[PDB]
Amino acid sequence: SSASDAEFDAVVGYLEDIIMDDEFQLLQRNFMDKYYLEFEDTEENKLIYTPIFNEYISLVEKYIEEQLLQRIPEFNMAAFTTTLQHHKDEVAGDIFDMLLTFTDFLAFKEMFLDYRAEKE
Amino acid sequence: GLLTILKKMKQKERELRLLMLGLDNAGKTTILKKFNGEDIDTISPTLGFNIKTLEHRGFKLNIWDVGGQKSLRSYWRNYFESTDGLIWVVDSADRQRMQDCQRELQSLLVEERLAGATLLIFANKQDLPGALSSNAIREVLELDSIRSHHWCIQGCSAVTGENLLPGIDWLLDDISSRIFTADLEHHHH
Ligand SMILES: Nc1nc2c(ncn2[C@@H]2O[C@H](COP(=O)(O)OP(=O)(O)OP(=O)(O)O)[C@@H](O)[C@H]2O)c(=O)[nH]1
Ligand SMILES: [Mg+2]
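Top line first, the protein sequences correspond to chains B and A.
Quick note, the entry's author numbering runs 13 ahead of the 1-based positions in the first sequence.
Quick note, the entry's author numbering runs 1 ahead of the 1-based positions in the second sequence.
Source of the hints: derived by calculation from the structure; they are not laboratory data.
Be aware that one or more of the hints could be misleading.
Below, simulated DSBU-like cross-link-like pairs (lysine-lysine); rule was C-alpha separation at most 30 Å, straight line [stated by the list, open to error]: (1) B:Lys122 / A:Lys53; (2) A:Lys9 / B:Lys101; (3) B:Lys75 / A:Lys34; (4) A:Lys34 / A:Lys53; (5) B:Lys122 / A:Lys8; (6) A:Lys34 / B:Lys122; (7) B:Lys47 / A:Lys53; (8) A:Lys53 / A:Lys35; (9) B:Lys75 / A:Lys35; (10) A:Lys53 / B:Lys59.
Sample of chain A residues at the chain B side, in silico, Cβ under 7 Å [what the hints assert, rightly or not]: (11) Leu3; (12) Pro46; (13) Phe50; (14) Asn51; (15) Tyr76.
Distance ranges between label pairs, derived from CB positions [what the hints assert, rightly or not]: (16) A:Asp128 / B:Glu29: 53 to 63 Å; (17) A:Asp42 / B:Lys75: 44 to 54 Å; (18) A:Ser146 / B:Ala19: 55 to 65 Å.
Just so you know, even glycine gets a beta-carbon here, dropped at the ideal spot from N, CA and C.
Okay, chain B solo, but in the shape it has when bound:
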């Protein structure tokens, strides 16, 4: 520690909580639930996967911050990021390794293919 090394660690607490919740599965289910159709099971990717992929990311993180303050009011994502984004290399944990799974495109394509397969 000492002083707002807590703040960060207390935010980490939820970077498990929030994303391990079955409510996180919903917004995904729901977002995927409007393009089952437009995800072909071929190795060549559609030019339109990328714009959907970017909407997906800006929804995951848009949800994460509007959930971090549903619990920690007076929480600032831009302040959290900046500092975290260097001055606490208490990063690196089996924690954000989870959180950047959403940046992996092929892991996104694969899980998206599993969804169209499921409702067919």
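Starting from the structure of chain B, add chain A with the ligands where the hints point.
Just chain A with the ligands now, with coordinates in the frame of chain B:
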């Protein structure tokens, strides 16, 4: 936001992002395929993009091949982000559109989202009788006299898989040596 920055801060050290671009028909998808030892006898012109994750010389290389059709080139820059190396593939036989190859390349070198990538130019379809000599492709495209990026020309045949390795082998030497000076200047400051 967060996830986009997070990934760019704890990015894998020996993971390289390779973007393959160039006019249609050039042989981009042919190269990718004839690299993993896949069948080239099935390749239809790409309207989207192929990603072929592949290991070589201790690196794992995430190679993106994007469709080169004229109506798809606007959307090319959705893949500029985080590019470690830019593979420009040239159909050295279609000399009529070599004029076009110069314009599209000179517009890529000044993109600032690609500002760091190392430039590998593939003078493909060298097996063809109509194929221009690498040096004639060098004065064309105005390859030299570009104070933007580190570059190398490589005349190759993607069907036989000739000279595809000498190019990628060079690319890493450049990229890794660029990452050498990263650590060197990092720790000493
Ligand atoms: N003779 C000869 N033909 C080649 C060679 N490489 C590729 N081709 C041919 O060029 C044609 C186009 O191959 P592609 O891999 O689809 O070229 P491309 O640049 O990816 O085309 P786009 O998907 O539109 O970007 C195919 O018919 C290949 O057989 C080569 O080295 N020699
Ligand atoms: Mg192609």
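Hints and how they fare:
Our distance criterion of 30 Å between C-alpha atoms is met by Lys122 (chain B) and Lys53 (chain A), whose separation comes to about 14 Å. As the CA atoms of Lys9 (chain A) and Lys101 (chain B) are separated by approximately 16 Å, the hinted pair is consistent with the 30 Å bound. For the hint pairing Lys75 (chain B) with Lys34 (chain A), the CA-to-CA distance comes to about 38 Å; that exceeds 30 Å, so the pair is violated. Of the pairs offered as hints, the one joining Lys34 (chain A) and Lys53 (chain A) holds, with about 9 Å between alpha carbons and a cut-off of 30 Å not exceeded.
A C-alpha spacing of about 18 Å is found between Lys122 (chain B) and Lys8 (chain A), which places the hinted pair at or below 30 Å, so the restraint holds. A threshold of 30 Å between alpha carbons decides the hint, and for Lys34 (chain A) with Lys122 (chain B) the separation of about 20 Å falls inside it, so the pair holds. Under the criterion of a C-alpha separation no larger than 30 Å, the hint pairing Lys47 (chain B) with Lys53 (chain A) is consistent with the structure, at around 28 Å. With a CA separation close to 11 Å, the supplied pair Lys53 (chain A) and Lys35 (chain A) stays within the 30 Å bound.
About 41 Å separates the Cα atoms of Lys75 (chain B) and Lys35 (chain A), which puts this hinted pair outside 30 Å; it is violated. The suggested pairing of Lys53 (chain A) with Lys59 (chain B) holds, with an alpha-carbon distance near 15 Å, which does not exceed 30 Å. The beta carbon of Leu3 (chain A) comes within 5 Å of a beta carbon in chain B, closer than 7 Å, and the hint placing it at the interface holds. This hint is violated: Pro46 (chain A) has a C-beta 10 Å from the nearest C-beta of chain B, more than the 7 Å allowed.
At a threshold of 7 Å, the smallest CB-CB gap from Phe50 (chain A) to chain B is about 5 Å, leaving the interface hint in force. Satisfaction of the interface hint for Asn51 (chain A) is found here, the shortest Cβ-Cβ separation to chain B being roughly 6 Å, below the 7 Å cut-off. Taken as an interface hint, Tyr76 (chain A) checks out: its beta carbon lies about 6 Å from the nearest beta carbon of chain B, inside 7 Å. For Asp128 (chain A) and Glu29 (chain B), the hinted distance range of 53 to 63 Å is satisfied, since their beta carbons lie about 56 Å from each other.
For the pair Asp42 (chain A) and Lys75 (chain B), the beta carbons lie near 45 Å from each other, so the given range of 44 to 54 Å is met. Hint check: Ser146 (chain A) to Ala19 (chain B), Cβ distance near 57 Å, so the stated range 55 to 65 Å holds.
Of the hints listed earlier, those the structure fails to meet are numbers 3, 9, 12, in rising order.
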